[PDB]
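Shown next as structure tokens: one chain only, the form deposited without the ligand.
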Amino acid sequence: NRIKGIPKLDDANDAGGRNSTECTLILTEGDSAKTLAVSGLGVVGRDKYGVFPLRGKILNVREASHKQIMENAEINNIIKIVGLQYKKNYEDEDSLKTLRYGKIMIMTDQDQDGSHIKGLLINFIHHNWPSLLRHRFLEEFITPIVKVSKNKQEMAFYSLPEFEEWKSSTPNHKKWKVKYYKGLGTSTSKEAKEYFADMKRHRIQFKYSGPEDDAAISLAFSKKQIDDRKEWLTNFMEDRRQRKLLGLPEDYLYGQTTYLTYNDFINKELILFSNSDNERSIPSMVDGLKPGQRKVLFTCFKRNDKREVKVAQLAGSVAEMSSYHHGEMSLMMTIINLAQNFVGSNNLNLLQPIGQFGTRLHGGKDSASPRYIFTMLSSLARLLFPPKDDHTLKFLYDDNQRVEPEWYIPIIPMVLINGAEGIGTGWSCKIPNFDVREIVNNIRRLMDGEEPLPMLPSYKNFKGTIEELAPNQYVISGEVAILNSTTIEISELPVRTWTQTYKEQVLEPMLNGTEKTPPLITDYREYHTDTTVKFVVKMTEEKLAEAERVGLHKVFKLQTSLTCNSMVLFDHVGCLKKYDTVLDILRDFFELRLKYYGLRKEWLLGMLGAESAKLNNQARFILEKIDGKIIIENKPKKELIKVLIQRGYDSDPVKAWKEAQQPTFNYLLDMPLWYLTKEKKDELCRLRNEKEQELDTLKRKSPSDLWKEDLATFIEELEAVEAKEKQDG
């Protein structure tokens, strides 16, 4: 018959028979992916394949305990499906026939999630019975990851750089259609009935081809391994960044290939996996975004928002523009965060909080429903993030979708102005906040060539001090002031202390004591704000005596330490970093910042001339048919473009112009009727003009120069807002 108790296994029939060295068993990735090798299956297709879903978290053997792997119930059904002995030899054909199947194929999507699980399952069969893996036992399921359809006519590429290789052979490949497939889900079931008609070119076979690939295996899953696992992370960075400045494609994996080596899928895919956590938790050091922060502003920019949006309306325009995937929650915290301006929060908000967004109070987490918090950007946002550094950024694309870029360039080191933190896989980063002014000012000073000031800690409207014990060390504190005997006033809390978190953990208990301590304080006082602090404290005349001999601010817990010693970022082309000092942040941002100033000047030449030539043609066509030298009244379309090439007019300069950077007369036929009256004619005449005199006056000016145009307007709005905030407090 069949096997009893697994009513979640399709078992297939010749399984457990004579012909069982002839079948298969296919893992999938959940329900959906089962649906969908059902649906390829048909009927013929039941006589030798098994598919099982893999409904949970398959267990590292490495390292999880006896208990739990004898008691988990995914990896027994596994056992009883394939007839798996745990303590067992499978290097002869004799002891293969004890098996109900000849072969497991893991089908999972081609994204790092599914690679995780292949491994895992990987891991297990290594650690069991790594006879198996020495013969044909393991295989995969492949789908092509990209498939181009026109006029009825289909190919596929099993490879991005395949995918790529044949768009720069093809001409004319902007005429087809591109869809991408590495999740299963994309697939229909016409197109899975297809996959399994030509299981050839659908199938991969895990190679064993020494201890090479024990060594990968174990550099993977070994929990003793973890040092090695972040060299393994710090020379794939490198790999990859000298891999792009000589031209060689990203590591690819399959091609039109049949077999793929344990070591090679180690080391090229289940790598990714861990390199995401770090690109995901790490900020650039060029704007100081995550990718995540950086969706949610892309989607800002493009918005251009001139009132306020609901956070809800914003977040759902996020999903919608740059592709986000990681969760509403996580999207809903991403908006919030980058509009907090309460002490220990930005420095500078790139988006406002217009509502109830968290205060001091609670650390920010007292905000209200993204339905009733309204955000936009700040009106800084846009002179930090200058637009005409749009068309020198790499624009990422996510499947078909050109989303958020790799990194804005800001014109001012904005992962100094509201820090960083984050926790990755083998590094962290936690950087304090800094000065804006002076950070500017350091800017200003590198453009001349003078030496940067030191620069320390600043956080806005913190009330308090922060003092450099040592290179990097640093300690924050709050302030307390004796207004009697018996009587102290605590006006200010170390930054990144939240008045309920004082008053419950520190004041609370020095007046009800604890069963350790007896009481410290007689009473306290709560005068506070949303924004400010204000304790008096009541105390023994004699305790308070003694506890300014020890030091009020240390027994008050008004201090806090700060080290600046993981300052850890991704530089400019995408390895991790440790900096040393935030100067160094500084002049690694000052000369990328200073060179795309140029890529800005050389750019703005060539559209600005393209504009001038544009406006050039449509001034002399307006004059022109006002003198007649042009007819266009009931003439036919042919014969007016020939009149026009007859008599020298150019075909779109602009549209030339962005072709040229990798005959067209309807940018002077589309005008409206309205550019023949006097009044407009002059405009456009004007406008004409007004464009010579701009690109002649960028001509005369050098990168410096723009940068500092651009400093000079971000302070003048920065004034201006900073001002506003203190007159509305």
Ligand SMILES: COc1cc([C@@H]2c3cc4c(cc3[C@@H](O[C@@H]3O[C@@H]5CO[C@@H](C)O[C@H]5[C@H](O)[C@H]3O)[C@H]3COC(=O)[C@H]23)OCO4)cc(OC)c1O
Contents of the next structure:
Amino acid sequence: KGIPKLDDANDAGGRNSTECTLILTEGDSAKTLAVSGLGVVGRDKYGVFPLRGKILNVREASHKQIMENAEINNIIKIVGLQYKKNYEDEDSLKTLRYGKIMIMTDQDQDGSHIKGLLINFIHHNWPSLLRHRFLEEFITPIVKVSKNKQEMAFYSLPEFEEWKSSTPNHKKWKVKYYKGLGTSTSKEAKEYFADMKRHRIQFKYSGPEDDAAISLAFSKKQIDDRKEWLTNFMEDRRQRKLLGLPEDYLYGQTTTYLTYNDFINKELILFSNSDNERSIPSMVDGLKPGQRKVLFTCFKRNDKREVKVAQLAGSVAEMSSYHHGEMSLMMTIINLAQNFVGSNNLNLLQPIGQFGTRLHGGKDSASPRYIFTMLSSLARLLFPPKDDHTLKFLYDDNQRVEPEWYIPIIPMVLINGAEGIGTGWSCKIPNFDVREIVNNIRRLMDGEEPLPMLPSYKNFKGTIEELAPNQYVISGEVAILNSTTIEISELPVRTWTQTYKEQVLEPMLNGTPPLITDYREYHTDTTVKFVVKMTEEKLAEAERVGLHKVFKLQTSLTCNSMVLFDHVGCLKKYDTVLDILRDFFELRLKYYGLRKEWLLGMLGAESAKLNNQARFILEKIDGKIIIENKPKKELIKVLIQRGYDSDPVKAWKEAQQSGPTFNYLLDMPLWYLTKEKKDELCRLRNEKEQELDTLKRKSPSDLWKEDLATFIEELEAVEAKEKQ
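Next, give the form solved in complex with the ligand, keeping in mind that what was shown is the form deposited without the ligand.
Nothing else is written out below except the one chain.
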């Protein structure tokens, strides 16, 4: 009736107005899918309107924000809803243009969140409408299987997994994952609406417990409630896993009604947990799942030259089975690369291009399609390649992907800090000096006491003092030049240059009466320098009061919510950063033991293989073995009867979960019969034998010291080049 992107129903606003249905979809792509499915007949009774992502939570939202929201204003106009109107009587429902609203989103956790926000909107503004079976949802499959011309659909991952357990020949079926509504074709869309019984679920009001559930999820007043709520979920799911029990799921059979209580505690709770899993980092590598996928990809690619952020994002997506919008990966990549004051002490990705500055706090970054990046030379030193063999890599989309966590040589979570916002919890950890952390590691390794650590930011000329535990004061730098002039040499951490000029200095220049007379900017892209001119009286006043206080060069930093995932996926709340450092130390020391154990096995096999290859060559030259014009099968019998071992590297690798293999012996070129290459082979076997023996007489701590030494050397070199 005057709104774009709207495919309004034809029978909307007549006698049969209550017999119409409005389909709210997850985006415009979803709108197209719904439209194709609903045709050709049914345009009269069914309407479609796309929602541009997640909508507004209006339960504690201000009056200004709610009225100035375009999304909900469109919905109100289309449906014909009226603000603060009671719909208890069956006559008030006749006023609306549509009878029922069917929410059709993705079959992912985010889709569930969208449904919840819509429900929250209706429940808060019109509680009467919710008790009249006004809301429903259109569900679409997420996994499909077919062997011949028969087809089966699943509507949840637990359902699909349970099917593979019951069905023996599950590998004889095609497997098609549905990332979203966009995956489904127009033809498949028609088949969906043809079987409306299966894909239609009606929301049912059962009592006050529903209101309690809805309020639980979307009230800012009930945060502690959601904490216990999710704590129970995490613990129970953990126990189900320990007892070897499958997760419960919905939409297994055809269901008519769905309680709001059940919806919140069986579907929406899945989102809130996944939100915490993707927003709150792990203590081990300080990475989130999204970030870790990027790092895993860059490690797998091993690019020697720069790569577009946009291009890299796509690579990460396909190689790490990333099932979200690529824009998020791009923003993550940019964030990981930033290295201005207040961001990262040790950026894992190189910011090659305009990734933002301290001027606008990174917001001045260029388009991801116009900037380049690659691994920092410190990345594979912080996360040594040798440790990859002791990690547990996840499986998704029929391929191996990122591990549950990487195991860096120093607690990375303390280096670039940690910021994240989920449901129930949120994480906030300040940055710390790398060299200082390395030192504390060495002290803990020497059985000494770890020194207390103050938050330290790279290239920050200011100071950071501690008052109460986990409560700090960050101060910039100011200096007196004369009776009328002062110099501001540093702003406090995360206090950006442009914002400071607009929010602090410009008010001081104008109007409360003016304080400063004039100011000049001498900023570089990495440093801050303000020169301020004042009267002699004004400066004398500010001097006794406190220059830092007057010019707002002090910011407070309270970090009590240091919430992280431990090495087993449990949400721990760490009290001090030394707790994090200690727990990390235990785990890291253990995995150095594990690395040595693995390396012993590998180097052992490799030495054994070299032993066989050397013996084979020498016996051939001595004439103890004839292979010229000899058949393969006969020659194999010869080797076995002469006691030659099967491929040790192959045999050892297979032990990490066709007859004997002697290919590695004959795969050797004719070169290794020459004198120069024979000596080289005998040299390599002795050298490799030596490496194994050298490793045996080294403690895990010794190996750790090696990595730390190698890291520090390059760290100095890198930061030196930075200063230059």
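We call the rigid core the largest set of C-alpha positions that still match within 1.5 Å between the two forms. Residue numbers count along the first chain shown, from 1.
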Just one entry of 382, 430, 135, 444 has its C-alpha move 2 Å or more between the two forms under rigid core superposition, and it is 135
- Is there a C-alpha shift of 2 Å or more at residue 119 between the two forms once the rigid core is superposed? yes
